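Engineer: This is what each chain is made of:
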Amino acid sequence: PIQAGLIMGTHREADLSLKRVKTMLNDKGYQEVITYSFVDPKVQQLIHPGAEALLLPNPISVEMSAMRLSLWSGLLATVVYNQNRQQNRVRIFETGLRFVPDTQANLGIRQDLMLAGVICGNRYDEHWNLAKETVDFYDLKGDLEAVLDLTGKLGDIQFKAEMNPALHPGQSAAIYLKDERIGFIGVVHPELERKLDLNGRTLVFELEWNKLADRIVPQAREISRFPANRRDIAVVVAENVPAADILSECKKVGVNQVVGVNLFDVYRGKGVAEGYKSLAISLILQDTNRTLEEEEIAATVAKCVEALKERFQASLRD
Amino acid sequence: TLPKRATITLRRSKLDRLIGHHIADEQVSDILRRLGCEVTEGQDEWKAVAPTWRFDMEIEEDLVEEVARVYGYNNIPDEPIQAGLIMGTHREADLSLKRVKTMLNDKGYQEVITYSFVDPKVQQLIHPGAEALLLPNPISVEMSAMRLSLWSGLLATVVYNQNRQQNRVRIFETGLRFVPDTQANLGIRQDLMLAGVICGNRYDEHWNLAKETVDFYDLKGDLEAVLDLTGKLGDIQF
Amino acid sequence: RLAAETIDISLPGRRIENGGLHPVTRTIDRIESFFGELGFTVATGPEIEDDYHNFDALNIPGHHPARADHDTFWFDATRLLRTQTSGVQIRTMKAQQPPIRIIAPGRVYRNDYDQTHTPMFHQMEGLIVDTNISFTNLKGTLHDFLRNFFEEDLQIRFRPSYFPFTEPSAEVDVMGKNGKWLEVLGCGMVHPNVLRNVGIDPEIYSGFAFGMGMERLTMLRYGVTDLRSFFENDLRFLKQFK
Amino acid sequence: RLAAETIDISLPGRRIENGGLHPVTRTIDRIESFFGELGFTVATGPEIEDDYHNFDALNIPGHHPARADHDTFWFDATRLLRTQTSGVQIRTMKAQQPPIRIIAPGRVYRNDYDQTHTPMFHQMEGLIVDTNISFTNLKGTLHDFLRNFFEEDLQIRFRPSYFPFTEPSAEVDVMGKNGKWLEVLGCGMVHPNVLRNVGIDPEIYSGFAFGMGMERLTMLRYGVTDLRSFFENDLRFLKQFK
Numbered sequence: 478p479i480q481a482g483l484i485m486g487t488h489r490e491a492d493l494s495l496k497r498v499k500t501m502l503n504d505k506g507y508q509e510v511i512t513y514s515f516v517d518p519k520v521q522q523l524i525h526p527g528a529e530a531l532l533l534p535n536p537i538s539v540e541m542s543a544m545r546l547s548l549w550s551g552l553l554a555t556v557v558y559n560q561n562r563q564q565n566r567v568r569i570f571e572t573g574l575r576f577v578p579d580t581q582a583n584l585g586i587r588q589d590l591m592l593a594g595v596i597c598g599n600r601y602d603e604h605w606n607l608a609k610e611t612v613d614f615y616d617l618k619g620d621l622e623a624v625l626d627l628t629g630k631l632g633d634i635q636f637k638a639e640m641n642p643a644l645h646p647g648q649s650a651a652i653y654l655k656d657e658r659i660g661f662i663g664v665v666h667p668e669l670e671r672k673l674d675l676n677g678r679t680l681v682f683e684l685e686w687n688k689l690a691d692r693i694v695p696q697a698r699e700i701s702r703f704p705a706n707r708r709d710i711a712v713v714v715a716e717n718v719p720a721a722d723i724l725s726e727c728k729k730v731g732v733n734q735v736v737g738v739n740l741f742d743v744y745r746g747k748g749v750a751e752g753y754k755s756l757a758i759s760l761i762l763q764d765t766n767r768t769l770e771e772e773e774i775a776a777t778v779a780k781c782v783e784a785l786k787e788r789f790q791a792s793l794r795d
Numbered sequence: 399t400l401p402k403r404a405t406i407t408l409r410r411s412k413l414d415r416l417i418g419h420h421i422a423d424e425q426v427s428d429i430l431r432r433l434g435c436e437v438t439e440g441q442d443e444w445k446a447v448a449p450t451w452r453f454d455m456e457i458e459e460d461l462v463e464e465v466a467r468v469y470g471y472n473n474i475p476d477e478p479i480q481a482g483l484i485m486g487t488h489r490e491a492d493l494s495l496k497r498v499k500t501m502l503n504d505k506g507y508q509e510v511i512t513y514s515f516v517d518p519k520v521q522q523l524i525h526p527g528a529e530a531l532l533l534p535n536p537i538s539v540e541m542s543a544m545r546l547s548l549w550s551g552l553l554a555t556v557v558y559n560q561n562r563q564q565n566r567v568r569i570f571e572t573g574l575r576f577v578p579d580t581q582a583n584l585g586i587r588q589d590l591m592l593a594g595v596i597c598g599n600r601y602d603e604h605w606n607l608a609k610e611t612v613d614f615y616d617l618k619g620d621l622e623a624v625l626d627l628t629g630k631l632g633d634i635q636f
Numbered sequence: 086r087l088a089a090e091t092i093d094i095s096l097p098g099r100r101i102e103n104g105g106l107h108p109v110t111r112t113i114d115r116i117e118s119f120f121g122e123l124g125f126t127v128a129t130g131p132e133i134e135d136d137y138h139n140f141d142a143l144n145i146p147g148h149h150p151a152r153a154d155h156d157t158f159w160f161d162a163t164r165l166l167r168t169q170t171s172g173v174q175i176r177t178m179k180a181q182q183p184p185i186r187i188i189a190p191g192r193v194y195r196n197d198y199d200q201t202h203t204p205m206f207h208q209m210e211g212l213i214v215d216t217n218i219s220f221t222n223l224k225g226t227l228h229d230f231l232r233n234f235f236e237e238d239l240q241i242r243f244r245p246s247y248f249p250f251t252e253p254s255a256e257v258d259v260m261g262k263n264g265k266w267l268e269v270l271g272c273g274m275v276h277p278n279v280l281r282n283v284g285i286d287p288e289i290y291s292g293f294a295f296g297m298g299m300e301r302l303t304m305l306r307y308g309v310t311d312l313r314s315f316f317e318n319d320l321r322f323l324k325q326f327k
Numbered sequence: 086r087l088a089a090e091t092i093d094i095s096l097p098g099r100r101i102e103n104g105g106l107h108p109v110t111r112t113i114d115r116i117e118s119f120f121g122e123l124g125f126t127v128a129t130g131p132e133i134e135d136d137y138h139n140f141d142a143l144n145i146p147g148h149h150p151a152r153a154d155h156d157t158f159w160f161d162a163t164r165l166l167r168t169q170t171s172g173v174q175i176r177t178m179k180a181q182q183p184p185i186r187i188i189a190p191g192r193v194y195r196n197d198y199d200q201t202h203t204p205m206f207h208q209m210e211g212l213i214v215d216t217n218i219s220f221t222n223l224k225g226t227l228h229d230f231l232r233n234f235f236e237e238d239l240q241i242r243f244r245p246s247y248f249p250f251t252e253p254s255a256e257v258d259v260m261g262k263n264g265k266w267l268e269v270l271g272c273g274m275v276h277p278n279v280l281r282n283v284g285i286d287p288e289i290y291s292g293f294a295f296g297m298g299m300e301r302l303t304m305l306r307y308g309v310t311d312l313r314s315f316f317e318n319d320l321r322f323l324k325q326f327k
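These protein sequences, in sequence, are chains B, D, A and C.
The first sequence begins at 478 in the deposited numbering and counts up one residue at a time.
The second sequence begins at 399 in the deposited numbering and counts up one residue at a time.
The third sequence begins at 86 in the deposited numbering and counts up one residue at a time.
The fourth sequence begins at 86 in the deposited numbering and counts up one residue at a time.
Everything labelled a hint here was simulated from the structure, so no lab data went into it.
Keep in mind that a hint or two might mislead.
Restricting the straight-line Cα-Cα distance to at most 30 Å, the calculated cross-link-like pairs of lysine-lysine (DSSO-like) are [unchecked claim]:
#	chain 1	residue 1	chain 2	residue 2
1	D	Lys505	D	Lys630
2	C	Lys327	D	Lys499
3	D	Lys609	B	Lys747
4	B	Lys672	B	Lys630
5	C	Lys262	D	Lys609
6	A	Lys179	A	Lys262
7	B	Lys637	D	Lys496
8	C	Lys327	B	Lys637
9	B	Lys499	A	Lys324
10	B	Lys688	B	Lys655
11	D	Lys618	D	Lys505
12	C	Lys324	D	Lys618
13	B	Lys688	D	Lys505
14	B	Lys630	C	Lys265
15	B	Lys637	B	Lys729
16	B	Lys630	D	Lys496
17	C	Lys262	B	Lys630
18	B	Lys499	C	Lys327
19	C	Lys262	B	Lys499
20	B	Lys519	B	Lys728
21	D	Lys496	D	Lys618
22	D	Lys505	C	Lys327
23	D	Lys630	D	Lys496
24	D	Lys609	B	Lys728
25	D	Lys499	B	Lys688
26	D	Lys630	B	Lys630
For reference, chain B alone in the conformation it holds in the complex:
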């Protein structure tokens, strides 16, 4: 055996590994597959039109003569492989690196490591009390926020609406993490599935890897002892703003009184006006050095409503 010198070698605590996030995806219930890294130019341009491809001289066939532009070609080939073999409810993901053409790059194409995936089929797999409901975007985003924004930041992460010509305009998003396009989530276009014949509603979620590859090392702080109380607020808003100015501006008003914000019941029944909605906004108000009694709670509930009238709505009268 060899004779070496035991230099330790450098590490880092404030970053991630790939195997940790992969072991988390296996905990949530996802198979890991590996597909072909060069795909079909016929059903490759049907996902990303506009951006041209990196073609390939001397191919193997016409079926494999184009580099990737995303990871949604081999994955939507694997799904329709499995669904044609009388085998449903396939949850897969795959980590590889894509090839986007550029001009100010190293060799003419810039390459990013990418983490992608596909969820589809049934949610709960036919259980004795859990009902039969196929999956949707909230399930994908909830199972994704644990992937991205738990082992990373969750400091500021905004979901907005940015279009893409491969998926639905409404049931899709654009994850940010402090003013950068980092991801694309949501169900594919309902006329995209007329080609390839992907029986049943599928969902896809791509992520740019080495910008979420640094966690934060935590720091202690003094913790109080006193209990807190649960205040119920039901703000009436028209059906225009989803959650951007409802659940977020509540936290910024007062840096010593408001911690925590929940939601447990929507209100679009018969009591509310049509085209309008009420979101139940519960809070757990507490103070860092003393307790909170009935006088100072009425200041911080009313101050958030004073900061809410700049969104053309206010609280409800019930």
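Got chain B; can you put chains D, A and C on it based on the hints?
Structural biologist: Just chains D, A and C, lined up with the frame of chain B:
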């Protein structure tokens, strides 16, 4: 019958092999003389007898340690270890602890560790009939019993946290217990144990997830992913 | 309530059926841990490469008959998909001062399709550079890795071969039972012309390298015999590796 | 359907809030990985011990004033809770032989309760035994471990101390900023009487050992200042370490 002093002979190879550095003959034969010894250099060896006032010089380590102490520890450079590279055997058929810990705290749980000796008036509630391992010279009355499970500490951490107004706590713990049996190496059988406690609501306040506190089937499905789909599955029965 | 409110005891509990990795992924991570506890740290890089990264740095040098037998995927004249994962270690040996050692997993591409060769198969190229190691310290590590990846069931035989980027070369070729010998991996000491156009002096330094095929290793280990079944990705095949 | 059936986009998605480890657990696993990539493998054992495992094997030997200053938890005359995690390495050095090293994490017990000392605190005792290592190769590894556990912010100073199971001894004592110096760990070479009653010849062999406190290290690292708060196990304190 006075305490006599040995002839603590110190060579060159032992001093060089323990320090690493090369302290000169002229300085290592002056360090002992200024320390108080009676040093006679001996052609790549030293025979120095002990002084009277020090009762910690009997062997060669007690003579190289004082030399290094007079020379200083900050006046010695650094080098990394020179060693061979043997792999060391693994197994694929085993299982690591951190894998099950990583799956368990990613199913929703949290790892705490508690005091390994508990109250004998509360631990006899959880396990009556089995004699406990008592403790001479305790700290107080409420910590004088080696634990026979993990439940007498976990159902104290739960009652701690539920008194600070948060009744959803899902903690677990891994330690080793002590049960008396007259068969082991000493007189108690010791196994490594993996334990836990769940309570509270299944899901928190969500927009369609209802409010039902947990029953046994949810914990049985939680423990299925631990035992089955990790080490062993197919020959289980309840 | 106590002797009345009982439930069924052995009904299946509610959960989500967890899923396993891929076999070449498990083998890549297993050999990564096997070499990480010797101090080897991994290194990665791109999959597209010019000629100066893939052929003209490993001392081929261009009129050699290694530019058609590799079955490369060309683009124009100075672009090709990576044929062997060695640019990831050349771009490491060039930058920083010696002596450091690294391994590298990744994807290679070869223009060969049959029922015995996919166009993509994962390779694992090691690298080690430090003073006074030799062929003895190559056998004493590859024998150890084979004895640990297997469980001492099989016998080896070092035979000679020829790779252009390493001379003197070898081949390790473990003992099968269905035939006579299956060739598993190849190795050799680093040629000095590879060192001299990087920035290391081959008069005082030395080293070796090794490259093994991950899919043949995984097939021989877990008993699979059809190499094309790895990349069609059937769940009914992939569920047993969990 | 397309421009009509839209949903809210930034409502919180359904999941179960995952939870993190314990800080001393994270530090134990971090130093376990730090030493596992040098080849050290862990070793474990029991928590109750006779005198021949805990005191009379480390050359105390029994009339020494180390049987009251350790503040032990006795049972009768030949039983005690483990005061320092060293029987786990004596029971390894005895069985096999003689050129391999190990580390060991575990729980110790000391009869001391204040607002600065819990009765239980985790210790981490290393061990290394092979030919021709010295104090130079002790500084060159503990300096490296401190520079990697911190991020090169702090300065060290090797000062002398006295532990009965290792002579010549030391202490490493990193530089704080609130006071002058906080003592972090202690080390030293293994006494030959520890080797001779095990089965290793101290005329040709050598080695060193080191024992560090995990809770003071974790307090100094993540800024916590109240040592009793580690074992009351409040979720509002423990949730930030996730």
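Engineer: Could you run down the list of hints and mark each one as holding or not?
Structural biologist: Consistency of the hints with the structure:
A hinted pair counts as satisfied when its Cα atoms are at most 30 Å apart, and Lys505/D with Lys630/D qualifies at roughly 19 Å. A hinted pair counts as satisfied when its Cα atoms are at most 30 Å apart, and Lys327/C with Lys499/D qualifies at roughly 14 Å. Taken as a hint, the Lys609/D and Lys747/B pair is honoured in the structure, with Cα atoms around 23 Å apart against an allowance of 30 Å. With a CA separation close to 38 Å, the supplied pair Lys672/B and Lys630/B exceeds the 30 Å bound.
A threshold of 30 Å between alpha carbons decides the hint, and for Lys262/C with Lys609/D the separation of about 50 Å lies outside it, so the pair is violated. The hinted pair formed by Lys179/A and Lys262/A fails the criterion: a straight-line CA distance of about 43 Å is larger than 30 Å. Under the criterion of a C-alpha separation no larger than 30 Å, the hint pairing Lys637/B with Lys496/D is inconsistent with the structure, at around 38 Å. Annotation: proposed proximity of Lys327/C to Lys637/B holds, straight-line Cα distance about 27 Å (limit 30 Å).
Only pairs whose Cα atoms come within 30 Å are accepted, and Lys499/B paired with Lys324/A is accepted, the gap being roughly 17 Å. For the proposed pair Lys688/B and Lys655/B, the alpha carbon gap of about 11 Å is at most 30 Å, so the pair holds. Restraint check: the Cα-Cα separation between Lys618/D and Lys505/D comes to about 13 Å, which is no more than 30 Å; the hinted pair holds. A C-alpha spacing of about 26 Å is found between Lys324/C and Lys618/D, which places the hinted pair at or below 30 Å, so the restraint holds.
For the hint pairing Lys688/B with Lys505/D, the CA-to-CA distance comes to about 26 Å; that is within 30 Å, so the pair holds. Proposed proximity of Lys630/B and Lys265/C is contradicted: the alpha carbons are some 35 Å apart, above 30 Å. Restraint check for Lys637/B and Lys729/B: satisfied, since their Cα atoms lie roughly 19 Å apart, inside the 30 Å limit. With a C-alpha separation of about 23 Å, the suggested pair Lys630/B and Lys496/D falls inside the 30 Å cut-off, and the hint holds.
This hinted pair checks out: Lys262/C and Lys630/B have alpha carbons roughly 29 Å apart, not beyond 30 Å. The hinted pair formed by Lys499/B and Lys327/C meets the criterion: a straight-line CA distance of about 18 Å does not exceed 30 Å. Restraint check for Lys262/C and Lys499/B: the C-alpha separation of about 40 Å exceeds 30 Å, so the hint is violated. For the hint linking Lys519/B to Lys728/B, the alpha-carbon distance of about 49 Å lies beyond 30 Å, and the restraint is violated.
Of the pairs offered as hints, the one joining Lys496/D and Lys618/D holds, with about 21 Å between alpha carbons and a cut-off of 30 Å not exceeded. Restraint check for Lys505/D and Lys327/C: the C-alpha separation of about 14 Å stays at or below 30 Å, so the hint holds. Proximity of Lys630/D to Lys496/D is assessed by CA-CA distance (about 17 Å); at most 30 Å being required, the pair is judged to hold. For the hint pairing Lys609/D with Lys728/B, the CA-to-CA distance comes to about 26 Å; that is within 30 Å, so the pair holds.
Of the supplied pair hints, the one linking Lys499/D and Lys688/B holds, its CA atoms being roughly 28 Å apart against a limit of 30 Å. For the given pair, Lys630/D sits about 36 Å from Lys630/B by alpha-carbon distance, which is inconsistent with the 30 Å threshold.
The structure is inconsistent with the numbered hints 4, 5, 6, 7, 14, 19, 20 and 26, although it conforms to all the rest.
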